[PDB]
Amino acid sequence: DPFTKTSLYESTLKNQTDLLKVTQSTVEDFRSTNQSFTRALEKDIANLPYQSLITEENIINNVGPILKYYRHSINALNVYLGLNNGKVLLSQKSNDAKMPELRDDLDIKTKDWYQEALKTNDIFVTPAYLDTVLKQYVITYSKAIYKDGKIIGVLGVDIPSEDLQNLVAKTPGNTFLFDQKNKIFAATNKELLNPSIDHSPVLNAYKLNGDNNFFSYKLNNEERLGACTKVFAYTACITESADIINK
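Any chance of seeing just this one chain in the form deposited without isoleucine (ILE)?
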C-alpha cells in the first residue's frame, strides 16, 4: 500500500537526515574547538610586551613556554611560531623533554600555512597533509599574530587528522566524509578508508540533488538511499540499503 511505503520512507528520511546532522556537527565542533584554542594562543602571545617579542632569545624564552603549555593542554602534535627571517620557534610532541628551539631549515615562506595566514585576517585551516616527519596526516591551523598592527609572526598548530576520523567513526549511521578532491577521508565503516573503492554513484546522486536532499541510487544493481551535505571543504554523506522501505 502506497501509504505504508510512504510512512517508511518519510521515517527513514528523517532518521538518516538526523544522523547526517550529527556527523556535520562533529566536523563543525572539531574545527571550532581548534580555532578557539588557536585564537587564545594568539591573544596570549600578542599580550606579551614588545620587549619580550623583538629578540630571538626573548621569543625562545618567553613564547616558548606558552607554546609548550598550549601544546600539552590539547595534546597537539606541534605548536610553532614562524618569523619573517624564516626561523620557526617549534614545540613538538616528538621532542617533549627539550625546550622549544628556533629552527632555520623548515622553508616556511613556501608553505601554505605561513603564506595563507598573511593573506587573511582569519585563522587559515590547511587541507589534511602528510607530515613525512611524523608519518601522519595532519590538519594545521595558522594565524598571523599582530600586536598593535605590527606583525609578530605566524602561529601554527598541528592536529592529527586521525582525531577527526576517530570522532566520525564513533557517530551513529553509515556516515563518511570526502575531502576537497572527492577522496574518502573519514568513515564510520573503517573498510571505506581505501582509495580503491569508487563512489561515483553517490557523488553523482549528490550532484543532482544538492545539500541535505535524500536520494536513491544503485550499488550492484540494488537500491540504496542517501544524502550528502557540504561541511566546510568536506562533503559529508550517509547511505543505507533501501530494504527498509522495500521489505
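Numbering follows the first chain given and starts at 1. Under this definition, the rigid core comprises the largest set of C-alpha atoms superposing within 1.5 Å between the forms. First, how it differs from the form solved in complex with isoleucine (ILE).
Measuring CA movement between these two forms with the rigid core aligned, the set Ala128, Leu134, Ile74, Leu118 has one residue at 2 Å or more: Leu134.
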Second form
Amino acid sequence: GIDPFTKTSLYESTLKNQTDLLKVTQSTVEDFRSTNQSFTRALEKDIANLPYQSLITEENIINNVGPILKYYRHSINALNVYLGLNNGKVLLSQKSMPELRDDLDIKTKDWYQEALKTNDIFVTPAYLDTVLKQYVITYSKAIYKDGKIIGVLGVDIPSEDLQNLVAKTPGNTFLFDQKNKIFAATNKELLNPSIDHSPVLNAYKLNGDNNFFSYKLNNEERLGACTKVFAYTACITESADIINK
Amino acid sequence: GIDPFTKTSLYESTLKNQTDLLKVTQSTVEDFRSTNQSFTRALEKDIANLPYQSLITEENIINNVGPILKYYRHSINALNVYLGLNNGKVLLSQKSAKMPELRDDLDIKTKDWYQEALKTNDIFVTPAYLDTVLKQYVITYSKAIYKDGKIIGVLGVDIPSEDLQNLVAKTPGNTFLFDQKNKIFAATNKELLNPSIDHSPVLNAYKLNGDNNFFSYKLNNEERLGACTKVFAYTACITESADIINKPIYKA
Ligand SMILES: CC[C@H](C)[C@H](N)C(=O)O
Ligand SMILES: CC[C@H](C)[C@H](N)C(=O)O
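Switching from the form deposited without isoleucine (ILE): structure of the form solved in complex with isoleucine (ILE)?
So here's everything in the complex, that chain up top.
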C-alpha cells in the first residue's frame, strides 16, 4: 500500500490487534485451568478436614466422602469426581449414589501415578474416559491428612468445555495440543486432521512466543503469532491483505 | 465535513478491533452471570433432592441442608450461601469452620432477593449492594426452593461484585461497565472508578448513538471515540483518545 509510512502504520496496528486477540485466547486457557485447580483444591481441603475415623474404612469413605464428591460434581457439572485408594478401589461419583469400583485399574493410570509424584495438582492431556467414553481433562491430587495419604482425588472435565470456550473467542485463534495436533479453533473447518500446519509451526519456531510473523499459504501472504500456554500452542493468523491493500 | 481519516482502511480496522475488545468485555459479564446461575440451579436441585421430611423442621434443615450449603460455598469460593425460611430465619454458610447456623435477625422477608424469588420461577439476580453481614458489595443470585410443590424457602448465593471487577480489569482495551443507575461499576483502568471522574460525556453520547455504534465525545478538552452496549442491566463501553485512533504526525 505504497507509502512505507502508511504500510508501517497498518502493520503496527494489525500487530497490536492480533496480539491482543491472541492474549484473549491465552487467558481463556489459563482461566479454564485455574478454575478447575481451585475447585480441586477446595475439594481436597473438605475431604482432608474429615476426621480420620470417617476416612479409614471403605464404608465410611462411601458414606462420608461420597456426598462431598457428588455435591462438588454437581456444582460445576463435572463428568466424574472420584477418590482412588491404595487397595485399587475408587469411590466414583459419575454423571448419569457414588460406588466403590474395583475394576478401573487405577494404579495403571497416569492421573493416579502422577499425583503421587508431585505435591501439586496434576493435569492430564485429554483422553477418552473409561467409564463414560467422553474426552476429558483430569485434575488429580494426592490427599494427605497429618502427612498420611488418604487417596488420590480426580476430577474429569470434558475437553469439549475448553474447546467451546476457545471457539467463541474473537479472532482466527486456535490451539494445538502437546503433540502439535489441532485441539480447538474458532473456525471449525480448521479441525480437519488432514490440514497441514507446518508453515505456521515453522514460523513460530523461528520467531518465538508472541512474535508477529509473515508466512505463505497457496502463494498468498499471511500474518500470525503463536505462544505456549502450558502444554498447548495458541496461535492467531490473518491475511496480509490488511497491509498490502 | 467528513473527517478524511474515517475513509481509511486503518480507521476501519481500528474500529473493528475496538468492537472486538468491547465484545470480550461483554462476554466476561455474560459468562460470570451464566456460571453463577448454573451453580445456583445445581444447588437448588441438590437441596430439593432431600426427602420432604428432611426439609420441614428447623433441626432437619440445619443438619441436612447445612452441609450442602457449605460444600457448594467452598466449591466456588462464594461469600455467603444461605436458605431463607418463611419464619424469617436463615441458614447461613459463610467464612468463620463451624457448621452453618440459623440467624434470626437478618430481616429477610422484606428483602428483594427474597421477595423477587417468590414472584418468579427464575433465578433472580440483584443489583450489587452492601452485604448485611460481611459488609462487602455483592451480587445475589436467588431462587425459591420447592419440594412436592411446597415452598421450603429461598436460596441465596452472594458473589462479591469485586470478582466481576477483577475479571473486567484483566480484559484488553480501555473497557468499563456502568451499573443500572448509570454509575461506574468496573474498569480496566481502575482510575475510572474514582468518583471525581466525569462520565456524563460518554453516557450522553451513548444515548444519542445506540449499541456498538461509535461516537465522538470530549472530556477535559480531549477528543475521544467510544462505543457502548447494553449487557443485561449494565452498560459496557470502550473508549480511546482521538489522537490514538488517528495518531497525529505533529503532536499538539
Ligand atoms: C475413576 C477413573 C476415571 C474413570 C478416569 N477418567 C479414567 O478413565 O481412568
Ligand atoms: C442472609 C442474607 C444475606 C446476608 C444477604 N447478602 C443480605 O444482605 O440480605
